[PDB]
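Only one chain is given next, in structure tokens, and it is the form deposited without the named molecule.
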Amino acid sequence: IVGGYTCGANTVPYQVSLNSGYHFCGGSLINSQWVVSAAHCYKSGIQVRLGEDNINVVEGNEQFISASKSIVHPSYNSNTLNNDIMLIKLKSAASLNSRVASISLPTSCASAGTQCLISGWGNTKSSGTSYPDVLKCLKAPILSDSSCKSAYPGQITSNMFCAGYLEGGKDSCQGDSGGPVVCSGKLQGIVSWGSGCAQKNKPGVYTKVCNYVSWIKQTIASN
């Protein structure tokens, strides 16, 4: 997150770190056995880290559970990142409590202007690189479709939206994707891609989760 603020420990109880000997992607717990992330974060050897704040120190509240199955949406396209969504089943269920909680899936899509919170342990710098120890937060609004498509003409499908700061300075970045965009207590987006960060007139592009609720529930009911 470029231009964000320290969240505060365990204030975003649904946020997970995907780990393979270091942090590389975010995710969201949507029930005790399933995590929603980005299809682009897929790799084998994923360990899901729950209840985290300082990703480099064991502080209490953490649950480390291995991924059992990662189910990349079958129409994921890595060149366009269309349908950038992935389901991870936990090898074992998490203990839900105040610090480890699931986030609701939406029943309707959200409108332009809705404010949302985006979080992650990704890069903090637009130029260069600096990875935080603790979880960063950013309040950002969903932008209109027209503003999104004129910023990335030809690259925005119906499964994407642009949340942020056309001014620059505030945006999500590398290592944040796979993580949550929560608006009014509903997981509305997954951090997916953008042109640099916190780049002026290049807002962040996000997977539109409301388009995927039936698929998540059917895929979860059969696995």
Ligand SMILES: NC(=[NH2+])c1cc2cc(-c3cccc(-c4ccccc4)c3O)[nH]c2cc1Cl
Given for the second form:
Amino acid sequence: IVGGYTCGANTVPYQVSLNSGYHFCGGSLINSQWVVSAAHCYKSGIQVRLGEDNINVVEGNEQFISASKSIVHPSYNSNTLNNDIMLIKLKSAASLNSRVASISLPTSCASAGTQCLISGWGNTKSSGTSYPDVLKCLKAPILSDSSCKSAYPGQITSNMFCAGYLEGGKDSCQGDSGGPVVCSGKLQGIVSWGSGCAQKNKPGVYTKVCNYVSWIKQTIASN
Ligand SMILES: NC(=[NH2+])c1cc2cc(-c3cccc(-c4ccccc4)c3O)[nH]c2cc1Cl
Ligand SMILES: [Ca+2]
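Okay, that one was the form deposited without the named molecule. Can I see the form solved in complex with the named molecule too?
Time for the whole complex; same chain goes first.
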């Protein structure tokens, strides 16, 4: 997160860190046994780390659980990043409390102008790499479809939306990949891609979760 602030320990209880010996992507807890992240974060040997704040210090509240299976969307296109969503089933269920809690899936899509909270342990520099130890947060609005397509002509599908600041300075970045975009307490987006981080007129593009609710529910129901 570039231009964001320190969230404060456990103030984003649904945030998870996907770990393979280091933090490589974020994700969101949607029930005690399933996490939603981005398809491009897929790899084998993933350990899901819940209740984290400082990812390099065990401070208490952490629950480290191995992923039993990862289900990348069948129509995921790695070249366009269309359908960039993945579900991860945990080997055992997590214990939910106040520090670890799941976030709700939306019933409707959000409108432009909705203010959302994006969080993660991704890069904090737009020019260079600086990865933080604790969780960063950023409040950002969903942009209109016209502004989004004007910024990324020919690359936005109906399963994507832009959120951010066209002036640059505040944005999500690499490492935040796979994590949550929550608006009015519902998970509306997944950090997917963008041109650089916090660059002028190049907002972040997020997977539009409201288009995948039936898929998520049917898939969980059958696994
Ligand atoms: N808001 C933005 N401007 C933005 C920037 C990046 C940058 C990345 C990214 C860059 C390099 C590698 C990965 C990556 C690839 C495989 C696994 C994990 C991360 C990224 O997600 N993802 C991003 C998503 C967003 Cl919205
Ligand atoms: Ca920790």
